[PDB]
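4 protein chains.
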Amino acid sequence: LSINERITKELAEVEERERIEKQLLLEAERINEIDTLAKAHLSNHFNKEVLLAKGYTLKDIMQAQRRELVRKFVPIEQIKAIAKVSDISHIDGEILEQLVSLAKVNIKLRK
Amino acid sequence: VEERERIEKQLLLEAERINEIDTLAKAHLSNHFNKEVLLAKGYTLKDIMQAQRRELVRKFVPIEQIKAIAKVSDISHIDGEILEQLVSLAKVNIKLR
Amino acid sequence: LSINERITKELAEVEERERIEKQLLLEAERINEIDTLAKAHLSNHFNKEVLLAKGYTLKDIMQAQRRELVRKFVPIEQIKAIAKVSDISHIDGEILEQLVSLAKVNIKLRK
Amino acid sequence: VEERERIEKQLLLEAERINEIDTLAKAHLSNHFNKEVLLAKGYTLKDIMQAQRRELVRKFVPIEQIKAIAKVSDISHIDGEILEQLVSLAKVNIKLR
Numbered sequence: 053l054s055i056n057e058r059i060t061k062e063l064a065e066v067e068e069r070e071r072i073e074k075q076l077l078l079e080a081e082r083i084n085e086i087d088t089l090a091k092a093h094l095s096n097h098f099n100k101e102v103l104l105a106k107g108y109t110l111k112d113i114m115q116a117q118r119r120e121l122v123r124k125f126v127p128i129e130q131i132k133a134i135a136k137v138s139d140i141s142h143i144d145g146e147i148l149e150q151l152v153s154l155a156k157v158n159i160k161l162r163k
Numbered sequence: 066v067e068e069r070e071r072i073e074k075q076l077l078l079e080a081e082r083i084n085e086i087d088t089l090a091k092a093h094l095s096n097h098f099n100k101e102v103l104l105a106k107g108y109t110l111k112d113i114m115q116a117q118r119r120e121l122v123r124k125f126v127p128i129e130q131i132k133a134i135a136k137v138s139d140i141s142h143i144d145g146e147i148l149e150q151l152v153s154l155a156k157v158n159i160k161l162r
Numbered sequence: 053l054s055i056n057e058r059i060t061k062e063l064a065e066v067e068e069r070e071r072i073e074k075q076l077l078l079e080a081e082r083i084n085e086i087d088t089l090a091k092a093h094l095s096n097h098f099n100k101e102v103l104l105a106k107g108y109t110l111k112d113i114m115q116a117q118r119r120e121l122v123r124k125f126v127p128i129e130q131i132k133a134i135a136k137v138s139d140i141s142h143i144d145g146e147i148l149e150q151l152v153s154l155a156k157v158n159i160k161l162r163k
Numbered sequence: 066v067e068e069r070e071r072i073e074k075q076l077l078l079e080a081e082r083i084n085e086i087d088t089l090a091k092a093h094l095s096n097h098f099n100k101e102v103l104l105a106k107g108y109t110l111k112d113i114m115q116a117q118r119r120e121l122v123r124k125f126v127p128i129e130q131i132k133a134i135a136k137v138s139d140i141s142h143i144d145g146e147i148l149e150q151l152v153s154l155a156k157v158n159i160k161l162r
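So the protein lines, in turn, are chains ZK, ZL, ZM and ZJ.
Residue 53 is where the first sequence starts when you use the deposited numbering, and the numbers rise one by one after that.
Residue 66 is where the second sequence starts when you use the deposited numbering, and the numbers rise one by one after that.
Residue 53 is where the third sequence starts when you use the deposited numbering, and the numbers rise one by one after that.
Residue 66 is where the fourth sequence starts when you use the deposited numbering, and the numbers rise one by one after that.
Calculated from the structure, these hints are not laboratory results.
Keep in mind that the hints are not guaranteed to be accurate.
[As the list claims (entries may be wrong)] No more than 35 Å apart at the CA atoms, straight line, and that leaves these computed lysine-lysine pairs for DSBU-like:
#1 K91/ZK <-> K91/ZJ
#2 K124/ZM <-> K160/ZM
#3 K160/ZL <-> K132/ZK
#4 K136/ZL <-> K132/ZK
#5 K163/ZM <-> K91/ZM
#6 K124/ZL <-> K136/ZK
#7 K61/ZM <-> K160/ZL
#8 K91/ZL <-> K160/ZK
#9 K100/ZJ <-> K136/ZL
#10 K111/ZJ <-> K91/ZJ
#11 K160/ZK <-> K156/ZL
#12 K61/ZM <-> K100/ZL
#13 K111/ZL <-> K132/ZM
#14 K132/ZL <-> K74/ZJ
#15 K156/ZL <-> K124/ZL
#16 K132/ZL <-> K111/ZJ
#17 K106/ZJ <-> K61/ZK
#18 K124/ZJ <-> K156/ZJ
#19 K132/ZK <-> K61/ZM
#20 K106/ZK <-> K91/ZJ
#21 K111/ZM <-> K124/ZL
#22 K111/ZL <-> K132/ZK
#23 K132/ZK <-> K111/ZK
#24 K160/ZK <-> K132/ZL
#25 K61/ZM <-> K74/ZL
#26 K100/ZJ <-> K100/ZK
#27 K106/ZM <-> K74/ZL
#28 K100/ZL <-> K100/ZM
#29 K100/ZL <-> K111/ZL
#30 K74/ZL <-> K156/ZK
#31 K124/ZL <-> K100/ZL
#32 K111/ZM <-> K156/ZL
#33 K74/ZL <-> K132/ZK
#34 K163/ZM <-> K132/ZK
#35 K124/ZJ <-> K156/ZK
#36 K91/ZJ <-> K156/ZK
#37 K132/ZL <-> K111/ZL
#38 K163/ZK <-> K132/ZL
#39 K91/ZL <-> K61/ZM
#40 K111/ZM <-> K91/ZL
All chains should be modelled from the sequences, with the hints used to inform the complete structure.
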């Protein structure tokens, strides 16, 4: 191990930790956005507390709120276009993120 | 020879989209983006198809949809499954229009 | 491998890709003709959307539309002459292409 | 990959805790201790969070509770499980307030 190897290893470790911290901030922002959307556009029966009492994981709560928002704002034809299918129960992921971005666009233009 | 038969079937499948996009674009966008004049200007078949798709997205799919679903406001380099989603959204928009 | 071999291989590959492009163009024209004929001379129940909903392949849709057009336009005597049989249910292919060309001639002279 | 999945679950938990602490601190203490201005002043994320927690303890938890439960009047070096107990007591105090 040489000095340049030491330097590149230290910088790689520092950049990895910085990327992890940025991921932490991104996850916090995602949680905040989901909470705001659930409080603003969806009913109280879909709250995090009641869902946790019913026994659903946090990611399940996020995807359920996202799917409900997509069904509420994004029309069925747009769902069938973007997701290529009518049902959203198996579309969680990047396509779900695209659908919730479309729902945010829909609420922005509605306001 | 069945491999070539399936290749021809795939040719039919993609050709379906090729002709449908042109037929609807002629009546929707303009006559300036016709396949013949684009070929004269020097655009390959795939380039013409993707340019027509992007123009359809720009006409039907709103700019907020572009910058949210596709994550970028510019459609210039978004080609792919995201482009397929965008053209499906444009088809939905013209259906409801 | 010499330079003449390299050049002939490069030209062969380029010609193969150009031939693929010509195939794309020809099949695009074929599908355009099929779509126009289905929209113009055949009922809405034979639409591509409803056939796909019923679960038929694209080639099956094309051959069904072609057979319906042949039965509608080409006379039964002409079918029995060109295709050598009255039934068209097993006549898909080059003979079907000849039959649909005859049907196009028939509709052109009808107009 | 399940090890990384559990790591990400822990990341989500601590991110939610940080978000809740920041949201309540903004409305309770002041705007001077905002995350952006603290980052500009040059404090790491964990340092910002612990400083906000200590300010919350100083605001809600009385000084006698500080000098007895934590055994020291200064919250300057008490970080840990005792700090968690102090912030829980501060949560109880703001709940009853």
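Determine which of the earlier numbered hints do not hold for this structure and return their numbers in increasing order. The structure conflicts with hints 7, 13, 19, 30, 34, 35, 39, although it agrees with all the remaining ones.
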